[PDB]
Each structure stands twice: as C-alpha cells, then as structure tokens.
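> Dock chain A' with the ligands against the given chain A, drawing on the hints supplied.
Given next are the chains, with one letter for each unit.
There are 2 protein chains.
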Amino acid sequence: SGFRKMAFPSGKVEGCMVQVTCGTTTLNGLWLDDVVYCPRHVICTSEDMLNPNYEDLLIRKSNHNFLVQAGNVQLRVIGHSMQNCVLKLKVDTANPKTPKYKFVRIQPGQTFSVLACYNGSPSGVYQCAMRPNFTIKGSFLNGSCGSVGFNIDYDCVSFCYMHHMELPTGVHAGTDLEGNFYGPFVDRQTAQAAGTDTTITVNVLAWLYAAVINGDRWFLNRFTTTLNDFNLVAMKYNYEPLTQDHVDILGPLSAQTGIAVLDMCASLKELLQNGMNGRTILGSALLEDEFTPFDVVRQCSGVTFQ
Amino acid sequence: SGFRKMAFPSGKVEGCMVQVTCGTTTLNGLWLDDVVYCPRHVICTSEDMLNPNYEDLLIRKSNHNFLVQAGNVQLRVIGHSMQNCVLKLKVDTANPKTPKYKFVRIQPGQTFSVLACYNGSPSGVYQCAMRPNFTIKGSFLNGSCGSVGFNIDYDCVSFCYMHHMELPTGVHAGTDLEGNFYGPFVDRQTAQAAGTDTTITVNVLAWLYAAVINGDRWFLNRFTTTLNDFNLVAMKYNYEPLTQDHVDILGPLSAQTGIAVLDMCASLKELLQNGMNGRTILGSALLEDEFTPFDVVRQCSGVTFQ
Ligand SMILES: *[C@H](O)[C@H](C[C@@H]1CCNC1=O)NC(=O)[C@H](CC1CCCCC1)NC(=O)[C@@H](NC(=O)OCc1ccccc1)C(C)C
Ligand SMILES: *[C@H](O)[C@H](C[C@@H]1CCNC1=O)NC(=O)[C@H](CC1CCCCC1)NC(=O)[C@@H](NC(=O)OCc1ccccc1)C(C)C
Numbered sequence: 001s002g003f004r005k006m007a008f009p010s011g012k013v014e015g016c017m018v019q020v021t022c023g024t025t026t027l028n029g030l031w032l033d034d035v036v037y038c039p040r041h042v043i044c045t046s047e048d049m050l051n052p053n054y055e056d057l058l059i060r061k062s063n064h065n066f067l068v069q070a071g072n073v074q075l076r077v078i079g080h081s082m083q084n085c086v087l088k089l090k091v092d093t094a095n096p097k098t099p100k101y102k103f104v105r106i107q108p109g110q111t112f113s114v115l116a117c118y119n120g121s122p123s124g125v126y127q128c129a130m131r132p133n134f135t136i137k138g139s140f141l142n143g144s145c146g147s148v149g150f151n152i153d154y155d156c157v158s159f160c161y162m163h164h165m166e167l168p169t170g171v172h173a174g175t176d177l178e179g180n181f182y183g184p185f186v187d188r189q190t191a192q193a194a195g196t197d198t199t200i201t202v203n204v205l206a207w208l209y210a211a212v213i214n215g216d217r218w219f220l221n222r223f224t225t226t227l228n229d230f231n232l233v234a235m236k237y238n239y240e241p242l243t244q245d246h247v248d249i250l251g252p253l254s255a256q257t258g259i260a261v262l263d264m265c266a267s268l269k270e271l272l273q274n275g276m277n278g279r280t281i282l283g284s285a286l287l288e289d290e291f292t293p294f295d296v297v298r299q300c301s302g303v304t305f306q
Numbered sequence: 001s002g003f004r005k006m007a008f009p010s011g012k013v014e015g016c017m018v019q020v021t022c023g024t025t026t027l028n029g030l031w032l033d034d035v036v037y038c039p040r041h042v043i044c045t046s047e048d049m050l051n052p053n054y055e056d057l058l059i060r061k062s063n064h065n066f067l068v069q070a071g072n073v074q075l076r077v078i079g080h081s082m083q084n085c086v087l088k089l090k091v092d093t094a095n096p097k098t099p100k101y102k103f104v105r106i107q108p109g110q111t112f113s114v115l116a117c118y119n120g121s122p123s124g125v126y127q128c129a130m131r132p133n134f135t136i137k138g139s140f141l142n143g144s145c146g147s148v149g150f151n152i153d154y155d156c157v158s159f160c161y162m163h164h165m166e167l168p169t170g171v172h173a174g175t176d177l178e179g180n181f182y183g184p185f186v187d188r189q190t191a192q193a194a195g196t197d198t199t200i201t202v203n204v205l206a207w208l209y210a211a212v213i214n215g216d217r218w219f220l221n222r223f224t225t226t227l228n229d230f231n232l233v234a235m236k237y238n239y240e241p242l243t244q245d246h247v248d249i250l251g252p253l254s255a256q257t258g259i260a261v262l263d264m265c266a267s268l269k270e271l272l273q274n275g276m277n278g279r280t281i282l283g284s285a286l287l288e289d290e291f292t293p294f295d296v297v298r299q300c301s302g303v304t305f306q
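These protein sequences, in sequence, are chains A and A'. A prime marks a further copy of an entry chain. Letter 238 of the first sequence, counting from 1, is numbered 238 in the authors' numbering, and no numbers are missing. Letter 234 of the second sequence, counting from 1, is numbered 234 in the authors' numbering, and no numbers are missing.
These are computed hints drawn from the structure, not numbers from a lab. Where hints are given, some of them may not hold.
Which copy is meant is left open, because identical chains are indistinguishable; a pair holds if it fits in one copy or across any two.
Listed below are the simulated SDA-like cross-link pairs for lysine to any residue, each with C-alpha atoms no more than 20 Å apart in a straight line [unchecked claim]:
no.: 1; residue 1: 102; residue 2: 237
no.: 2; residue 1: 88; residue 2: 26
no.: 3; residue 1: 88; residue 2: 15
no.: 4; residue 1: 137; residue 2: 215
no.: 5; residue 1: 97; residue 2: 121
no.: 6; residue 1: 97; residue 2: 15
no.: 7; residue 1: 90; residue 2: 257
no.: 8; residue 1: 97; residue 2: 306
no.: 9; residue 1: 88; residue 2: 67
no.: 10; residue 1: 88; residue 2: 245
Excised from the complex, chain A in its bound form:
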C-alpha cells in the first residue's frame, strides 16, 4: 500500500530531448521523426520579448541560423516553419529513438508528467495537473523552455504540453504540441492575468477514495448529500461543480470501496466547512486535487508500461 504523487518513467522522452540555439538564446526541443519542435520565442532577443512580431523576426532567419544538438550528435536543419507558437525545424536525420507517440490537447483537471530539461539534458521528472485556469504549478528556471509534459499508455507517449513562460504569480503557461497556448496567454513579456483558479472536485473525491483504500479514513462521516446541495457548498469554496459524468467516472472507486459517491461528497462537504482540525489525509494537511480518478486506479492496480 501507500500513495505517492508519481510521474511516468521518463526514458522514452529522454531520448527525444535536444538543444536548440538561435543566436544568443538556447532552449530545449523535442526531436520526433525528422522534426524538432520548440517554442518560437527561441528567435527573440531580450528586447524583442516585450512586443515581438514573430513573423518579421522569423523572416530574418534561415535554416543555418538554428543550431540543434542531440547530446553532441548534431543535426542538419533543412527547413523551418512556425505553427502557432511553436517552431518546427525539419532535420535531415530521423530520431532513431523516436517512440510511438501522439500529440494531444488535454482537458483542464487532467494530469501529466513534466520532464524538466536544461540545455537539452533532463534534470528531473514530476507530475502536474492542468489547472482549471489553464496554468500549471511547476518548477522551471531560465533555460527550461521547451521542456515537455506527457502521459504514457503502455508503449505510446502522448505529448500534451510544452513549457513557454512564467506568469506574475509563479505559475506556468505553455502550449500543446501544435503550439496553441492553454488558456488566454500570449508569448509576450507583458502582464497577463490567469483569472480565478478553482479546485478540481472530482480529483479531490478520487484522492479521498485513495485514502480509504489505504486505511486513512477518519473523515468518513454519517451524512449524505445531493448533487445540488453539494454544489452549493462547492460554489462557496471555489470548487468545480460536480456533474453526473464525474459521478460515473468515480464508479470504479465507488465499487471498490463500497462508498457511494454522494456519501463521499458529504464527507468532503464537512471537511470543507470544518477543516481537518490539525489532522492529515495521506500525509497531507490540505485537500489534494492533482490526482485524477484514473491516476488513483492505476496506482492501486499497478499498471505498467514499456
């Protein structure tokens, strides 16, 4: 038993990380087949970043201005193009380590693993949730741009996030692998509002089920509630409203524990209204919302990949 925030094994993604340099700027790229993907702001100087005209900036660049290193194995750039906020560099060699892969645009509340990288070299791996306001709470320093987020389904890597910038609150923003930002953000160094974040209610409930499965369970109470009654409580505490779709997604955990979803909602409502009274659940003194149901099921069924 035990429950930990767990990232996917990163080896398949490690073999795809390269370094991209344009002039003074170095960041990470993702090398799949004969294409390298990276943030288009690799082309910006420190004064372009305040209000860049990316079309005009890219026109000044030719293939030979993009330096791509894989380790110290190095790639010849034979074409370049901009797709939304990502630059796509065609290279003359297909990555021999390309895994089976897909590009996916994830939904708010879903989770993924981040392989944080500097100069094309992996530094660490951790699990993130895409917040309801389309930010992530990551760990990113200068040079981490182009680091990617991903999920694995057995042998297939689903890339879902590429890192671009940090907002004025320490939270992080980036794009899918077609270069479309999650949320309202633009790749300009200017003040940008993320807007109110909310707690991912279905994930909190999934984590309460994980706690029961692991014997942590003082919070189970006597009451039940209704989906409309609970949602009145969710509103006051900035929790996402719970829908029947969420109830259905929680079905397997409900069946495993024998605790009806609305009974668990009643326990959650009392935790929200009364706090935890200095106690903990699965080692946390806060209600955790970065585990999806489905993360919970895999962690307590032992799903593997390769």
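Same frame as chain A, now just chain A' with the ligands:
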C-alpha cells in the same frame, strides 16, 4: 521559479529492470553487467514466509529454477549465490544497457528516487527520503519487490535501495544492493517494530530556504536562537538535534538568501510552537522534511544529467 518534489530521470534505470521468477513467485531484478540482483525471498512459498530458513530453501534450487526475462529477451542463468538478503544470479549475457554505476549505502535523512516496477516493467517514479528510523514512505503493491532506489551524478547511477517488504503501519523496508537491510528489519513475515521516527531538521530548514528563494516568506520572524536553545525545542517536537555540521551544510543556502542559519532556526521554532495558522509554505500546510539541502540547491540551480 517554483519548487516541486522531483525525481531523477529514470531512463538509465529502466534499461536495467528485469523479471525474476522462481516457481510461483515473480518479482523484479536489477540487471547490471552479467549479474541480476533481486530479493532472496523470491525463493519462498507463502508458508516459507512465516519463518524461512533461506539457506535450506536455496539449496533446493539450481540455476535452471531461476527464470529471468528482460522484456521478452531472456537470459541464461549460469550461477547463483546469496549475499545477505539479496540473491545474485550470474547470467551469460552482459546487459548492453548497463550504465556507469555504483552501489552506495545511504544515510538516514538522505533522499533518492524510486522506480516502482511490476513484472520487470516500470510503472512510475517518485522521490523518497530514508527516514531516521530506516523506513521509507513509498507506494508499493504486491509484485513491486526488487524495485530500486537510486540517485544520479551526471552519468553515474548510485543504486542505494531495493524494496523488500511492508511493515504493520504502511511503511516500507528494504536493503542496500549488498543485501543488508536498512534498520533492524529481517525478511520474515512477522510483526516488526520500526521505532520512533523523527523529523529531519536540516531538511526542514533547507525547505524553508527554498521557500524564501521562491518569495514565500511570511514566516520570517524577528527572533534568533542558539543551537542549544533550538535543540530543546527540537526535542519536544521529535526533531533531530541540529549540529554544526548541519549548519555548515546549510551555508550555501544561507549565503544565497542572506538569512543566518540560527535566524532560520528561530523562525522554525515559532512555526513549531505556534503552527502555521491555516497558512501554507510552498503549497504545503505541513513542515516538509524530504528535501535535502542539496536537492534544494540543484532544483534552484538547474543541475542536469545524462
Ligand atoms: C524559458 O526558459 C523561460 C522559462 C521561465 C524562466 C523562469 N521561469 C520560467 O518559466 N521563459 C522566459 O524567460 C520567458 C521569455 C519569453 C520570451 C518572449 C515570449 C514570452 C516570454 N519569460 C518569462 O517567463 C517571464 N514571464 C513573463 O514574461 O510573464 C509575463 C509578465 C511579465 C511581467 C509582469 C507580469 C507578467 C519570466 C518572469 C522571466
Ligand atoms: C513484494 O512484492 C511485496 C511488497 C509488499 C506487498 C504490499 N506492499 C509491499 O511493500 N512483499 C511482500 O509481500 C512481503 C513478502 C516477504 C516474504 C518473506 C520475507 C519478508 C516478506 N511481505 C510483506 O511485505 C508483508 N509485510 C510483512 O511481512 O511485514 C511484517 C508484519 C506482518 C504482520 C504484522 C506486522 C508486521 C505485507 C503485509 C504483505
């Protein structure tokens, strides 16, 4: 910026994971050069586990009784031996993916990444601390035995932990790669006491420095303290006593932030005596002790590996 509990990239270790089967029991092994390492309890049946005579049980076994699969690539066993609580199977093929590696026995309070594995296939990766009572708080199900803990120093993997069992409190116990348990535990299915755990004070202080570096810093107070005065507080709250060696290890973080170590101890003393009053530090409502100083420095300097 931002601070996350981050594991090492796992690819170098993924290429070393194999499946070991003896009779009815399947677990994970570690394949380095021409040797496969796994828990010796792979030889036990469900009624051996209550009081096993490992010498007598192993004598019944020959090389051909140990089935080792690498993926579905499969290895011929040409010798076997028991070293403390690990079994070492000599195979006829050296692992072509063997990284540069060392076996290390870590100290209590140090951290490492765990690659949780089932049937020789990686499932996930997370960071653990070896508690002062020589347990870890992991996430391990049936079949995870033989999963390993490790650190990376650029290109060298230091293996430090192999998982063996779960105690009567949900905490986990295992050995170094020479098969010596951390702590007082034996590989028998019998009630076993871990003894009182304590909080890793130098790690809490390192994490408070990480918080200041990230602008989280309401807890900085007006006071200072002495190492002897602070240790009186540490005693009452089951914190490890702070030594000058710990102060010296905190030197770089002290120099980076301009906060004297004993001033940070005074902030910690007030957090211990008064709690956090419903506030958070780096997203946690508890004092976190599973980051070493040195983890903090790498996370806020961007150290990479490959
Ligand atoms: C690429 O390695 C970095 C990664 C960030 C550095 C520290 N944490 C990070 O996640 N990205 C950048 O340095 C960004 C440069 C890009 C160039 C032009 C296109 C968009 C930005 N810049 C940032 O992340 C900066 N944040 C930012 O621009 O947010 C807008 C803002 C500015 C002022 C006040 C409010 C909001 C970051 C602060 C360095
Ligand atoms: C190998 O895959 C598993 C991993 C554990 C299963 C669930 N969580 C785990 O970490 N290891 C085992 O199943 C252990 C078998 C070994 C065979 C004989 C040598 C030592 C054990 N068994 C356990 O981990 C069990 N725990 C245990 O034996 O602790 C001692 C104990 C027993 C009763 C009351 C107090 C303490 C576990 C409970 C299945």
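> If a hint holds in the structure, say so; if it does not, say that too.
How the hints compare with the structure:
Taking the shortest alpha-carbon separations for residue 102 and residue 237, neither the intra-copy value of 37 Å nor the inter-copy value of 50 Å comes in at or below 20 Å. In the homo-oligomer, the alpha carbons of residue 88 and residue 26 lie at most 20 Å apart inside one protomer (15 Å), although the nearest pairing across protomers, at 45 Å, exceeds that limit. Taking the shortest alpha-carbon separations for residue 88 and residue 15, only the intra-copy value of 18 Å comes in at or below 20 Å, while the best inter-copy value is 30 Å. Taking the shortest alpha-carbon separations for residue 137 and residue 215, only the inter-copy value of 15 Å comes in at or below 20 Å, while the best intra-copy value is 29 Å.
For a Cα distance limit of 20 Å, the shortest separation of residue 97 from residue 121 qualifies both inside one copy, at 15 Å, and across copies, at 19 Å. Within a single copy, residue 97 and residue 15 get their C-alpha atoms as close as 6 Å, and across copies as close as 14 Å, so both meet the 20 Å cut-off. Taking identical chains as interchangeable, the C-alpha atoms of residue 90 and residue 257 are never at most 20 Å apart, the minima being 51 Å within one chain and 44 Å between chains. When the C-alpha separation of residue 97 and residue 306 is checked against a cutoff of 20 Å, the pair qualifies both within a copy, at 14 Å, and between copies, at 15 Å.
With identical chains, the CA atoms of residue 88 and residue 67 are at most 20 Å apart within one copy only, with a shortest distance of 13 Å there and 46 Å across copies. Proximity of residue 88 and residue 245 under a CA criterion of 20 Å is satisfied in neither setting, with 38 Å inside one chain copy and 51 Å between copies.
Violated hints, listed in ascending order, are 1, 7 and 10; each of the other numbered hints is respected by the structure.
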